[PDB]
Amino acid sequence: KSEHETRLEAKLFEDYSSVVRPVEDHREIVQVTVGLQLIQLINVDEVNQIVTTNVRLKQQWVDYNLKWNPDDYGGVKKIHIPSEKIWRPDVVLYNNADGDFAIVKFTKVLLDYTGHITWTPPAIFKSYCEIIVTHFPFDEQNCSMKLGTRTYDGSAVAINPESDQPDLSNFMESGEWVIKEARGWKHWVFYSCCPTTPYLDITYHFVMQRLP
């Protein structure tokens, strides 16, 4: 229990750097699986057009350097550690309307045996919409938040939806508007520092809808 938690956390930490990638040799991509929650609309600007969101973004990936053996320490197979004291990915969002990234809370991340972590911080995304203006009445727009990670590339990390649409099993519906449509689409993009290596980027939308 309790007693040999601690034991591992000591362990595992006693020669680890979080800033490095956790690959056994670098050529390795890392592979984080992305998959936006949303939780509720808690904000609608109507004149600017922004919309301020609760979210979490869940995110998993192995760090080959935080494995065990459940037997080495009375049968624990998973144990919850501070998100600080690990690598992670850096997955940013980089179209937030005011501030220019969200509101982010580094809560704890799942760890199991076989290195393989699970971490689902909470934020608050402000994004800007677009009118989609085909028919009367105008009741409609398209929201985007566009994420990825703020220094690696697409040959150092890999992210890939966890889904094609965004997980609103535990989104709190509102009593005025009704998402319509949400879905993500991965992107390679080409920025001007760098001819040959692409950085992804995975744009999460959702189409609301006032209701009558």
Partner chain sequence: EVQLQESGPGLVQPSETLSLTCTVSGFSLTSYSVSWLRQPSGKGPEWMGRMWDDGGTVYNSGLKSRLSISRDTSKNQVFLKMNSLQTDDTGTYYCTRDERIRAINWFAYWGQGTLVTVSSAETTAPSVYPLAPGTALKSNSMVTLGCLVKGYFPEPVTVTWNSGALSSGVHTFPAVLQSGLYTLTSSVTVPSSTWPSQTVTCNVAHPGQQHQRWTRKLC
Second form
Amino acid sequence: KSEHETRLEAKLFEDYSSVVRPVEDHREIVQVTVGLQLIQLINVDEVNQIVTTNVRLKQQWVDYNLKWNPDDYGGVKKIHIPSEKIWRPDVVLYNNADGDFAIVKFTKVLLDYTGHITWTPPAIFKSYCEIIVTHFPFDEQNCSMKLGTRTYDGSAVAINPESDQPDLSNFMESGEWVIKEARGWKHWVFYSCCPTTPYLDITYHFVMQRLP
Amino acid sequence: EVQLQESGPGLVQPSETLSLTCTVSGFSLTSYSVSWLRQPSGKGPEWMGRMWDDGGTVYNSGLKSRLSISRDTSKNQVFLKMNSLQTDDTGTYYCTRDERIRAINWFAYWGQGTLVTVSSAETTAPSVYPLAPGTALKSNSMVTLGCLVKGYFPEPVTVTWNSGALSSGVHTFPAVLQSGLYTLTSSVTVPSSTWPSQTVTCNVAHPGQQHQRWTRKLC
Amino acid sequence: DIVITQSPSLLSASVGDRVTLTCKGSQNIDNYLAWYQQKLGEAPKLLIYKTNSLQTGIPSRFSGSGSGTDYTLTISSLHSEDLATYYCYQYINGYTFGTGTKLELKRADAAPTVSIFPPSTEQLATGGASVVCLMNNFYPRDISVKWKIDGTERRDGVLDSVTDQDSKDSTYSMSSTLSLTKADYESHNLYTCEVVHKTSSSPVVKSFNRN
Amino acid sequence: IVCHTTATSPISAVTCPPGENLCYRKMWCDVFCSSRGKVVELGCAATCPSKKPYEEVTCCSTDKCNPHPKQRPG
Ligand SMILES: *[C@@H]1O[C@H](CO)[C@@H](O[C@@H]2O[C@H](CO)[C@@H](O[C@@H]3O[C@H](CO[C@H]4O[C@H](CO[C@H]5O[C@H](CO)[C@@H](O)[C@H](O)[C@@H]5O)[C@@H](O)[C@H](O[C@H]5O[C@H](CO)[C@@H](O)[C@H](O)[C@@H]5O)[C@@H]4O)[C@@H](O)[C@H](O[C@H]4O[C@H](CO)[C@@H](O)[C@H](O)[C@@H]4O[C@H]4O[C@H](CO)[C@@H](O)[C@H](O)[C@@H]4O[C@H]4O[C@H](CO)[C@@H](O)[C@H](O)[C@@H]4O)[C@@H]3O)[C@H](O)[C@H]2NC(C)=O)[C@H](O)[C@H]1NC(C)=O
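Output the structure of the form deposited with the partner chain bound; the preceding block shows the form solved without the partner chain.
Below is the whole assembly, all chains and molecules, this chain first.
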């Protein structure tokens, strides 16, 4: 019922802060489950070796301050709320060819009564691709996308890949190319600023090969 | 300061509506929610529903059609109405002041309660007979005197002894059912010099029929 | 909804004892658990909320603890005015309550003050008669009453009722009433109340008759 | 030879395996360069790795000679 979901959203957000990490002790690391969903190759520049892909950047974490009791709100166990209103780990795509960080659309999130969040915002990424020179009578190229939190480091927000591979379940195949291979690898990355404090990326790559 | 009182008739006959009230003081209902709970006999408590601080309401989904909660912020009263009654809805009925954290709620305060029993039987008038001893042994600081409350319906019943100056000397006992109507006793210990000199008198009250009476000892 | 079971069901302990009540849940409760005290004929009082937050006003002898599924209330040094029923309750997934742990006090033995009262003038007019016997202030609750009409006993038409332990002195109290017709009352002469408690070898006896 | 390594987290001193007896440090700007500084990679190599115009490799043959640039060598 509308009335209960209205009240629910008000009650949840009266004393909410989107600025603080949703943790009880500030030593807790927020666990974010990350997954890249590849949807469609929408452009292929062979001169500059750039491919524009349509993706969704699927994210999952738990916000402890957004739990509720379903009996208080007519048995409602989930709501959709705008992603602008909540705290987010600020996971971004980079190694982008034209415009260094990828702009991701802010779709609504699925929230549930345990404070679980699922967010699957769409984006357009532009990879740079390396030509694979091992054996290419049939041409092959390797395109990769890095994911990581823009500001938070590994001792505040840990990103964890949901799978070893990018999700190709809603991937619309091409007429010219085929994805030979595709994996995700998580890395610990260190920067000059910060000897003691690591950062985290997940690099998804796919090798696209031309059909005969 | 923070108080709740639950009022309402002890007897309601089946296939009818039950109307309760929760008079409140110490706080405003606009800033604090108020819930309704009850404890069925030989069972645990359960939450019936809530009057929100913002005026709206929410109900136990099992009682959803029967219930309807309202309020009057000037009168500081929260109301309950519960139609289509039956024998299975026999118990004590409390209202509570709810505290919160973010979207979560819990029950902070309570009122005394109200017993509510569902049977067709007529509200019976009590009988308060006196109980006074025959022999008087010594002039000592302890002598027991009592009142016999016989044949009333329904529970509870509340006994008073010389207004309320009895205090720590009084005992009253659980009532017993003999044939569909209750019966109870109550006593008090005094100095044995008091009983002959002062007049001795108890007074009883019964909420279902509004019954009231006083009796002095004919020693 | 989450079902909750409190142990021990009934608890006996003396003053100054360190008692611990438990409250295990069928599913994870995630620390959203409260405790309240219910004395007889009084408004229930909240002791603890969110597992271990002490309510403002409540004695420091009460404390809470637990996580996940198992929770505990502790009373470190038991006072006499803590004699009540103690209910736990959960408030993240519906609102469910615990079965109840009843707290009873251990004590020194006490002997009942037995008195007897013959049926009054008012009741005799109505065509009925009730002889009552009050056994006040004793411990333990191990008491047998016996009525006698001209020396032989009468089990028929007797209704006993024992109270719950007194708040002040931890004693029980009993009252039994023999109900008779006016016909059956003065059909006999000697009316006697015979009380057996372990604070005497022989029974205590109180009685009257026509004189 | 013992080398610092960004293979682990936090950074650790590791016995560089047989054949690989140089310790190295590669640095390069990524997208975060203006806020966090250059990326820092530390490890083992047999021969000194391939520099690229944007990268900045260095090499050395002594124990713990490739620390993080905000930590002391040796
Ligand atoms: C197209 O382009 C893309 C994009 O450029 C290319 O993508 C690259 O693809 C390769 C794979 O082909 C990837 O290499 C693998 O990377 C993973 C992950 O690396 C990260 O994590 C490592 C370990 O972290 C864990 O353990 C440590 C404890 O030491 C712990 O601290 C940590 O918390 C965590 O739990 C890090 O060591 C590693 O650091 C390295 O890289 C950094 C930069 O990326 C750099 O800063 C560091 O200095 C350091 O150089 C990094 O953070 C690795 O796990 C994996 O390593 C295994 O495989 C290789 C095989 O050559 C081997 O050298 C390793 O010793 C290791 O070996 C295990 O697996 C082998 C099979 O894979 C097997 O043969 C071995 O027997 C061994 O297996 C044993 O252990 C494992 C458990 O670890 C167990 O499963 C087995 O049962 C067995 O017991 C590779 O290095 C690149 O990461 C990736 N790059 C990017 C940017 O994505 C793509 O390849 C291109 N494709 C084509 C076709 O061209």
